[PDB]
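Please take these sequences and the hints and turn them into a complete structure.
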Amino acid sequence: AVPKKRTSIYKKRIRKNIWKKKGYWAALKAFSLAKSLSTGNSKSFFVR
Amino acid sequence: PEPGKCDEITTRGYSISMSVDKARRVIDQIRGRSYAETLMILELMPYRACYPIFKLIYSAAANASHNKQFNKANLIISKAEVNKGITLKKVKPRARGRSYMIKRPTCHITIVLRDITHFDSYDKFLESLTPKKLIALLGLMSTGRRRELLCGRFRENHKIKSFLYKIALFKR
Amino acid sequence: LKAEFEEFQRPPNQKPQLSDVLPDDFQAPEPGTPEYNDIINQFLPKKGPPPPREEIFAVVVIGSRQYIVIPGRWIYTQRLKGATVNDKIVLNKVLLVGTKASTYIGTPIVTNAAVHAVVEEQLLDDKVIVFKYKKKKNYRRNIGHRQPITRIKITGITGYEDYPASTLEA
Amino acid sequence: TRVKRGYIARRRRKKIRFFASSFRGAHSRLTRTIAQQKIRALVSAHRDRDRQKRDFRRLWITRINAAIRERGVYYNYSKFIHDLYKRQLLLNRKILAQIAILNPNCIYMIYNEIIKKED
Amino acid sequence: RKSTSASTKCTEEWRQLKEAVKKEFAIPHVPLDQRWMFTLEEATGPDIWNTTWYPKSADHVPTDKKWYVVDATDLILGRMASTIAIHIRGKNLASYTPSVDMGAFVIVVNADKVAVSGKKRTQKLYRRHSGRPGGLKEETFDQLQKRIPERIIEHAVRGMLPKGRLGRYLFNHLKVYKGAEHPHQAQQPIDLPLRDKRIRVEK
Amino acid sequence: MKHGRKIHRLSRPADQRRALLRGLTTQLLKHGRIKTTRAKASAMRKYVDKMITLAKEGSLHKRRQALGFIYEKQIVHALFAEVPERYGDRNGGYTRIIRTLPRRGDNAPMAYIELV
RNA sequence: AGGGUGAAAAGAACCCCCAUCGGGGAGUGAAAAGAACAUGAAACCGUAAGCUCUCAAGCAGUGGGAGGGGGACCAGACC
RNA sequence: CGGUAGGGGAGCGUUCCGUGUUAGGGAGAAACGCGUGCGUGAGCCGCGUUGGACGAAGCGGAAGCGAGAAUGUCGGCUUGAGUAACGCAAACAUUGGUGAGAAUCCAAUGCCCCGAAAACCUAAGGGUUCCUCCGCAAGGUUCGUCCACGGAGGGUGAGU
Ligand SMILES: [Mg+2]
Ligand SMILES: [Mg+2]
Ligand SMILES: [Mg+2]
Ligand SMILES: [Mg+2]
Ligand SMILES: [Mg+2]
Ligand SMILES: [Mg+2]
Ligand SMILES: [Mg+2]
Ligand SMILES: [Mg+2]
Ligand SMILES: [Mg+2]
Ligand SMILES: [Mg+2]
Ligand SMILES: [Mg+2]
Ligand SMILES: [Mg+2]
Ligand SMILES: [Mg+2]
Ligand SMILES: [Mg+2]
Ligand SMILES: [Mg+2]
Ligand SMILES: [Mg+2]
Ligand SMILES: [Mg+2]
Ligand SMILES: [Mg+2]
Ligand SMILES: [Mg+2]
Ligand SMILES: [Mg+2]
Ligand SMILES: [Mg+2]
Ligand SMILES: [Mg+2]
Ligand SMILES: [Mg+2]
Ligand SMILES: [Mg+2]
Ligand SMILES: [Mg+2]
Ligand SMILES: [Mg+2]
Ligand SMILES: [Mg+2]
Ligand SMILES: [Mg+2]
Ligand SMILES: [Mg+2]
Ligand SMILES: [Mg+2]
Ligand SMILES: [Mg+2]
Ligand SMILES: [Mg+2]
Ligand SMILES: [Mg+2]
Ligand SMILES: [Mg+2]
Ligand SMILES: [Mg+2]
Ligand SMILES: [Mg+2]
Ligand SMILES: [Mg+2]
Ligand SMILES: [Mg+2]
Ligand SMILES: [Mg+2]
Ligand SMILES: [Mg+2]
Ligand SMILES: [Mg+2]
Ligand SMILES: [Mg+2]
Ligand SMILES: [Mg+2]
Ligand SMILES: [Mg+2]
Ligand SMILES: [Mg+2]
Ligand SMILES: [Mg+2]
Ligand SMILES: [Mg+2]
Ligand SMILES: [Mg+2]
Ligand SMILES: [Mg+2]
Ligand SMILES: [Mg+2]
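Residue numbers (the entry's author numbering), protein chains in the order written: chain 1, 2 to 49; chain T, 24 to 195; chain S, 68 to 237; chain R, 2 to 120; chain K, 48 to 250; chain O, 11 to 126.
Hints in this document: simulated from the structure, not taken from any laboratory. Take these hints with a grain of salt, some might be off.
As the list claims (entries may be wrong) - Computed far set for chain R versus chain K, every beta-carbon distance over 12 Å: (1) 13; (2) 27; (3) 47; (4) 50; (5) 61; (6) 116.
Stated by the list, open to error - Straight line, CA to CA, 20 Å or less: simulated EDC-like cross-link-like pairs of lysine to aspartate or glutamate: (7) 160 (chain K) <-> 228 (chain K); (8) 167 (chain S) <-> 120 (chain R); (9) 114 (chain S) <-> 89 (chain K).
Cβ coordinates follow ideal geometry from the N, Cα and C atoms, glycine included.
If you want it as structure tokens, here you go:
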């Protein structure tokens with residue numbers, strides 16, 4: 002099956018923005034993790 | 024003249040081997056963030072792009088320190104964009120004599136770091152005044168000091184610009 | 068010179084201070100003082116009172132269209148042939164003359180009623196694109212049309228008084 | 002003498018494109034599409050400069066109808082108009098509609114004249 | 048959280064300044080009630096006499112509008128629904144505009160006493176279709192009127208309202224109740240004028 | 011589906027996964043602490059504990075069962091020496107799992123499994 | 001198939017980010033024109049500011065124009 | 001005074017030549033971007049916090065002279081999509097080491113696969129791919145400190 006038409010500019014921008022939103026949730030995990038290693042109290046975690 | 028001269032350091036990376044979409048995914052997250060937060064985030068992110076972007080931002084911060092004399096504490100990432108670079112094409116063979124095209128996309132990245140504190144004098148002083156008080160205060164000073172006062176980020180942040188050109192408080 | 072001073076100071080010294088552009092000389096005029104209200108009147112003017120016009124309006128026929136005219140106002144019409152800028156014309160086809168005390172209703176015309184107007188301009192209208200098109204018959208024609216137009220100003224509505232008025236009198 | 006077409010193309014195109022400002026999507030981008038879209042625009046425009054003259058008469062008549070129906074139980078647009086004519090008044094429909102909204106008392110007066118004379 | 052920091056303070060203050068100055072020089076609104084041809088102020092404005100009057104925002108505002116009550120007992124369904132449609136639409140005001148809501152609200156009470164001529168009580172057929180095949184459903188008028196009688200009059204008026212955005216938004220202005228009582232007493236409903244002869248049936 | 015299927019697959023077939031686990035535990039007992047993927051760790055717990063609990067009893071039977079799991083004899087003997095000393099009072103639970111930064115190559119979550 | 005930095009390589013000393021590439025200053029230059037370097041259209045990719053879309057059916061325009069914003073001098077106009 | 005096939009009339013523009021080594025032009029030409037300007041239209045006239053050296057009007061002449069369609073054609077860039085795939089189901093694992101950076105580079109210890117080969121050698125072919133040092137733009141279907149890749153410097157010895 003092929004694409005009978007070509008995908009319009011704006012719709013494509015919406016789909017790719019959806020794929021860019023996962024970056025937002027990743028940035029939240031990363032931030033929380035940083036604030037956890039920034040106290041040096043975690044015994045479950047280790048860095049070198 | 025303009026705020027862009029006072030607050031801003033601009034840094035361009037050229038020809039980073041990230042493709043523009045991937046790299047955009049990371050750059051969207053750091054837009055508008057304190058330079059500190061952006062540091063730690065970019066250290067712990069999963070993505071590959073994060074490393075080159077990191078080197079870049081660290082650099083631009085160093086530039087604002089050593090060149091234009093800014094405090095690193097007060098840096099935010101004000102404007103960041105990724106634009107397409109030079110695409111290198113290569114041809115590979117497919118099944119049954121057909122070929123195909125691989126593109127090896129590059130990008131330019133532009134990070135513009137902007138001091139918050141610079142202008143803060145005029146900033147908070149003009150916040151201090153009610154809207155009438157300010158127009159009474161601007162009734163004294165010559166065209167010169169008017170232009171010098173109001174040439175902060177002030178007129179934009181509170182969206183007065185077209186109002187003050189209507190009050191005949193200015194010349195263009 | 069305070070522009071050159073504050074700009075050379077924001078040039079030479081990076082990170083500008085408020086004390087340099089605005090010296091500690093100016094307290095600002097007190098919010099209740101006359102020297103406050105002259106400025107706040109200059110920069111924030113109060114709406115001025117409306118100009119006086121007569122309370123009257125007429126309905127007049129020009130170029131076979133009917134306009135409502137109130138005096139002091141200018142309207143657009145068909146070109147009037149042989150009219151020059153600064154001409155005093157009189158419009159004699161007057162169907163209706165309203166006043167807030169009275170309304171005169173012609174049968175058809177208000178007799179002796181005259182509308183004095185002055186022709187202030189002779190124009191050409193906003194260009195209309197007349198466009199003729201037929202699909203697949205490979206025929207399109209692009210043609211502009213500018214209509215000539217006369218812009219006139221109503222001055223006064225006169226000579227009605229004798230004609231019989233009606234009223235809503237409750 | 003070889004002649005490149007040069008700018009003669011892109012001027013034409015550009016002058017077309019200026020027309021098509023604020024068309025959603027690819028009607029504001031691609032030249033080839035923009036062309037068509039220009040023609041259709043000009044075309045509808047021409048059409049509706051003609052529809053217009055029909056439509057406001059539609060409107061005015063409707064408003065007049067409403068404005069009169071308030072007065073008598075039995076009174077219409079039609080009856081009214083017929084009476085305007087057998088009384089020899091020239092006021093056209095734009096004017097009666099505008100006087101209907103903007104000076105309603107006036108229209109009441111007119112009606113009172115028409116009645117008095119038809120009485 | 049509403050920040051009371053000098054910044055947001057400043058901004059709100061300024062915006063009320065802009066609004067003040069924009070209000071002072073703008074042309075006043077003069078509502079349409081004995082509204083004479085022109086105020087000395089409009090006279091300086093645009094040309095509203097030689098163009099068709101179109102309603103501005105101050106006019107149609109929802110809070111103004113009339114309310115009406117139709118006692119539907121011994122009324123004939125269709126003939127009443129036409130009246131209702133006229134009023135809801137606004138076709139009976141001099142100010143009528145196709146593109147705007149100038150209309151009223153109409154409250155229909157006693158929606159189970161509405162009357163219909165001839166055999167329709169048992170014949171007329173309200174169909175609605177699931178969207179699956181074999182998904183057709185049918186009621187006689189009477190089954191409906193015993194089950195949920197309001198839907199009958201809603202379904203008859205919605206037919207005569209315009210279709211499309213304005214149509215639907217209009218349809219919300221029709222308030223229907225099966226009992227003889229409506230909880231709208233606060234809105235001060237006027238009674239509905241009916242100029243039709245045949246609308247009232249007598250047994 | 012799986013309801014109540016409790017085993018760790020490690021994305022390997024049965025044979026390989028067995029051999030993998032044998033290997034990883036001889037490594038853990040030889041070095042005392044190691045770095046792996048969180049999955050491999052969580053899976054490896056059970057078999058670590060099997061060996062320890064095995065050596066707490068010490069019988070020729072038990073020792074033969076350990077020899078037939080672990081790869082290197084030397085490590086087994088060392089176990090049957092050390093364990094009664096080091097773990098005598100600990101009733102179960104001989105491993106720590108301390109997780110870390112993910113791997114650069116694949117972003118595989120890592121972890122540090124320690125012999126506690 | 002791959003032409004045009006500048007008049008002249010004067011092709012960027014020195015400091016900073018710094019494993020290199022790449023960059024920001026300083027310096028050269030009429031101009032940075034900074035070596036992927038002269039004018040640099042379109043597609044296409046974005047960034048910012050103004051208005052606006054989550055009960056909606058549509059070759060996307062057009063005539064009517066609610067509400068909101070902008071640069072004016074014929075402030076009743078234009079965008 | 002509707003108009004297809006089609007015929008007739010009147011025009012606009014492009015590059016070049018004559019006038020002309022013209023008027024004008026580093027006090028900013030062509031071009032590019034703009035217009036509340038003027039045309040029935042093709043277009044013209046005016047303007048530029050672009051551009052950096054050419055070149056109008058008039059009155060004439062000549063054509064490689066006007067594009068949206070040729071499954072035209074050559075370059076550029078999209079869509080599909082951050083999707084399918086990453087080339088066997090011999091299988092990797094851990095500890096050190098080097099390094100700015102290691103799932104992938106080196107070493108060690110296990111484990112696993114081939115063994116009438118997935119071993120060693122020779123004909124043909126290829127042509128420097130061999131070795132050492134340096135490198136990590138491109139190539140390598142990921143990575144890369146590595147390489148059959150790039151840079152230098154070496155290397156093939158016969159009476160049988
Ligand atoms: Mg083949
Ligand atoms: Mg292919
Ligand atoms: Mg044809
Ligand atoms: Mg040529
Ligand atoms: Mg050609
Ligand atoms: Mg538009
Ligand atoms: Mg897998
Ligand atoms: Mg087996
Ligand atoms: Mg196997
Ligand atoms: Mg067990
Ligand atoms: Mg440099
Ligand atoms: Mg290195
Ligand atoms: Mg460098
Ligand atoms: Mg410099
Ligand atoms: Mg210099
Ligand atoms: Mg260029
Ligand atoms: Mg709905
Ligand atoms: Mg909505
Ligand atoms: Mg819709
Ligand atoms: Mg003809
Ligand atoms: Mg023909
Ligand atoms: Mg010419
Ligand atoms: Mg020319
Ligand atoms: Mg030429
Ligand atoms: Mg000369
Ligand atoms: Mg010029
Ligand atoms: Mg030329
Ligand atoms: Mg021209
Ligand atoms: Mg010419
Ligand atoms: Mg020159
Ligand atoms: Mg000439
Ligand atoms: Mg040819
Ligand atoms: Mg083409
Ligand atoms: Mg092609
Ligand atoms: Mg793509
Ligand atoms: Mg798909
Ligand atoms: Mg899938
Ligand atoms: Mg897949
Ligand atoms: Mg395949
Ligand atoms: Mg493979
Ligand atoms: Mg075997
Ligand atoms: Mg081999
Ligand atoms: Mg060999
Ligand atoms: Mg050989
Ligand atoms: Mg070679
Ligand atoms: Mg080798
Ligand atoms: Mg490489
Ligand atoms: Mg690679
Ligand atoms: Mg290295
Ligand atoms: Mg080599």
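Would you mind confirming whether the straight-line C-alpha gap from residue 160 (chain K) to residue 228 (chain K) stays at or under 20 Å?
-> 13 Å, holds
Interface-negative label, residue 47 (chain R) against chain K, beta-carbon threshold 12 Å | 21 Å, holds
Distal placement of residue 50 (chain R) relative to chain K, Cβ over 12 Å = 16 Å, holds
Does residue 114 (chain S) pair with residue 89 (chain K) here, judged by a C-alpha cut-off of 20 Å?
-> Status holds; Cα separation ~14 Å.
Given pair status - residue 120 (chain R), residue 167 (chain S), alpha carbons within 20 Å | Roughly 27 Å separates the two Cα atoms, so the pair is violated.
Assertion that residue 61 (chain R) lies farther than 12 Å from chain K (Cβ) | For residue 61 (chain R), whose nearest Cβ neighbour in chain K is about 7 Å away, the distance does not exceed 12 Å, so it is violated.
Minimum Cβ-Cβ distance from residue 116 (chain R) to chain K exceeds 12 Å | 19 Å, holds
Would residue 27 (chain R) pass as off the interface with chain K, using Cβ distances and a cut of 12 Å?
-> The claim holds: residue 27 (chain R) sits with its nearest Cβ about 26 Å from chain K, beyond 12 Å.
Far enough from chain K: is every CB of that chain over 12 Å from the CB of residue 13 (chain R)?
-> 37 Å, holds
This entry does not satisfy hints 5, 8, going by the numbered hints stated previously.
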